[PDB]
Amino acid sequence: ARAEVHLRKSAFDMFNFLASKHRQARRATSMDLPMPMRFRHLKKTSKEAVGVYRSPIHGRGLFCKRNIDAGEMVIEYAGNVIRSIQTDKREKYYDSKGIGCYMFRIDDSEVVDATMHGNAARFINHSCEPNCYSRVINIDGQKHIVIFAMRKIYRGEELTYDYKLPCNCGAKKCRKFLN
Amino acid sequence: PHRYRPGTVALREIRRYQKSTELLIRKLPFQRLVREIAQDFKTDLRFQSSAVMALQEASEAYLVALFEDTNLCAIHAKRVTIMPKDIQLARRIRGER
Amino acid sequence: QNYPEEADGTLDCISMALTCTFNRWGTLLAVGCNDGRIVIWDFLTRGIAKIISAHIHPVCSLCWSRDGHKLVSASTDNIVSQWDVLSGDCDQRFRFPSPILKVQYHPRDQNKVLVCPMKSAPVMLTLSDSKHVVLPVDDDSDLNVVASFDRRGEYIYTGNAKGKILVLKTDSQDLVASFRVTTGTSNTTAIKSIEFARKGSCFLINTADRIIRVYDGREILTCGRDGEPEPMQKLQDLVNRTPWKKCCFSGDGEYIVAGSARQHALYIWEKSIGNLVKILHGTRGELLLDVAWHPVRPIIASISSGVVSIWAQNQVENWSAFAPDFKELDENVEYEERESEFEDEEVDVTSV
Amino acid sequence: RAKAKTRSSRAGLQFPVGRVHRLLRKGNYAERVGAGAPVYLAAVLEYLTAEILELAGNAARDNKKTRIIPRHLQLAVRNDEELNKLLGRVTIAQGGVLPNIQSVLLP
Amino acid sequence: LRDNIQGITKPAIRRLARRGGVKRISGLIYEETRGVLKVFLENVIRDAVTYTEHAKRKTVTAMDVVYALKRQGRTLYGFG
Amino acid sequence: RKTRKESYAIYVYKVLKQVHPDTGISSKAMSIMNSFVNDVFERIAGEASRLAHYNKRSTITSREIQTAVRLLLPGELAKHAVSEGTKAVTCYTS
Ligand SMILES: Nc1ncnc2c1ncn2[C@@H]1O[C@H](CSCC[C@H](N)C(=O)O)[C@@H](O)[C@H]1O
Ligand SMILES: [Zn+2]
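Chains as they are written, first to last, in the authors' numbering: chain K, 3764 to 3787, 3806 to 3945, 3955 to 3969; chain A, 38 to 134; chain N, 11 to 352, 371 to 380; chain C, 11 to 117; chain B, 22 to 101; chain D, 27 to 120.
Some clues are possibly wrong.
[As the list claims (entries may be wrong)] Sample of chain N residues facing chain D (criterion: CB under 7 angstroms; computed from the structure):
| hint | residue |
| --- | --- |
| 1 | 248 |
| 2 | 249 |
| 3 | 286 |
The set of hints was computed from the structure by calculation and includes no laboratory data.
Beta carbons: idealized from backbone N, C-alpha and C, even for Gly.
Use the sequences and the hints to build the structure in full.
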């Protein structure tokens, strides 16, 4: 109160999304249709499917708002389609900036960047007993990265997958070395 | 001291209500229900009396037929007590949901 | 953006609203009520600004002055008072024939007010003293005349219950231009209201055969006396046949809104092409009273059974106002950034 | 004696208005048929036709095809909610079904 | 108004179930039955009010109810 | 030389080339679309005829067609069909 000059004045963070509230078949993505029939309806569903909140595990995490069923699509990981040597400049650059690595490679050629450009598939934490996984699919020649599911997921439960250093996952099947 | 074994008064009420022909719902609460759920379509409507009597006849007949088909589902599952999943099975085989 | 689409709440604060108007900048909203109360809201803050008790009998007409500091009304009690927004005191009051339709200031001067009585002729007044000039009426047989100033203030258009529009000069009463509206084949129709735009010369005539005609303010000055112009645009509804109640223009005089007297809807047309662009429905069994339009922003204020609704664009937000260095894309975008991979200006700060 | 302009062009439609007006006059519906009724009805029929052909063309694109066969009409109708309620008691020939296996049947 | 779906009490559903021929009833049937009845009544009331608005009236007569039910696929003798 | 058969093939083909400019259609799908247009025509026309008989009129106007569309189509689909019909009549008059 105007005199007690204290610490905790700087945090060096890009997102101030950590809020006070943090309130954490029929559909085409769940049907047995071919792949571009599901991929078209994906982006219309993913706006109301999930959201990002304050994760107790590590920073922020992805929290659903509706019962994801088993084996369906959830969200697409999409950002800058960069190549695998600008990743080295950006790793050293955000080593100098202190910002972590957001680099999924589609194959052994190109990498998707999710630092300057992307969507809400950044905020998915790591775990050891997950409930999601990924594949690489083919929609009209181009390739995409889809986060599927593994079982029926209840409203409020956090979504995690294996990324493939001490971690805050805390699962019983932990490895404690993530490389 | 005297009490009937449970089931006896149920069977004789079945016979008593299948013998008569009357309305089995009170009619001032049903009239209030009709006016309330008609209020969300047009403000200040003005019903007759035979309109409300026709709606009550039709609603009673619909619910009695639904309970007959529900009872057949519950007997098919080798039970006696009717549960709401029997109602769901009846309304989905029939073509309503 | 443009013309509104979504319902966007209400103002259920004071019951029994009856009429409404905006000022030149669209920051205030004066509404008369059923017991002589004039409640002013705000749209900059979305709150009630000032409540002034006017009379005991209801208010059916309101008009803002040019500076915005003076109101005027015409209640059932034949009372026309130049009110105050600061003090709120009645100054002038004198009786008329008992029905009164409309009052309106001069669009450049807050000295001249144009009162339209029901069973009389138009009377142009002054406010420096108690003068009154009864304007001439051609027919003098029905005595059902509506009139209004034009945009700048140079002329006054008058209309009768026989479809004969006259043009009088605003100060010397010069009957210089006139026409009779070509209604169907032979029969003539009434005139209900005359309204003017905010930018340009166009205006609209609300007749009684349920057709709205959009004219041009210069073709009348070209044709002169007893000419025969034809409308630029004829707007109507033929499915429900829709007898209209109130009309006005958009912000820059581009779109036209027209409320209905039967079904509580709002129809919006274009002026240039002339096609129907949107119908805005609402509560199914109400009755419509007044339609407004915000002069620089798409807001419509419809009074119906004392409830004022505001159709206001449904603002839906995003990221990148929080994190300006990030671009929230939708699908993948491939590129590389660059083809080479690695003054004394004194400006017045207190100028208004 | 002027240039003939069909009533479809005057309203901005693609379905015919003269044929709909004839089929209302020669169909034993009423004695007298108004002026705006075939214009209204041709507008409604064009809207429903475009609404179903949009979804059928999308399914035909997703199956790596160019043309439209009855399977794509089947998928388009049965996936939408309100087209399914409209065409509920209707069998489309050469159409098939939707993939649906119950939960308690797979291990 | 928030009530009047509660006004369909719970000896009345019992009497309808016994005219249907039912011996033993659970305790969730009550809310399930109230939902069923509200859906049916909404679908009939909507078409009756449509016929009334087209006729340019303000009262719902018995014939509008009969015509609505006849559209549903449920004929009703005795009120025409 | 055969006897002529009126259909709706060319008009469905016009609507398809508005909405998807590089897509064709086979014969059986065109037959299904022809049957669909005839079915919906007969439903709406029969309901409008029955309304005009209930109210003791001799005329099918556009208001009976509007009420028949509102009775017969479900929800938002009726909400958009009413708009399309009203817009076409408004463009036809002027
Ligand atoms: N479960 C977990 N426990 C500890 N660290 C984790 C973790 N999940 C992810 N991380 C680390 O956090 C980074 C992911 S971004 C973490 C969420 C978000 N950026 C936020 O904190 O607001 C990665 O570099 C990873 O090393
Ligand atoms: Zn860990």
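Each hint tested on the structure:
1. Taking 7 angstroms as the C-beta cut-off, the interface hint given for residue 248/N holds, the closest approach to chain D being about 6 angstroms.
2. The criterion of a C-beta within 7 angstroms of any C-beta in chain D is met by residue 249/N, whose closest approach is roughly 5 angstroms, and the hint holds.
3. Nearest Cβ of chain D to the Cβ of residue 286/N: about 5 angstroms, under the 7 angstroms cut. The hint holds.
The structure meets every hint from the earlier list without exception.
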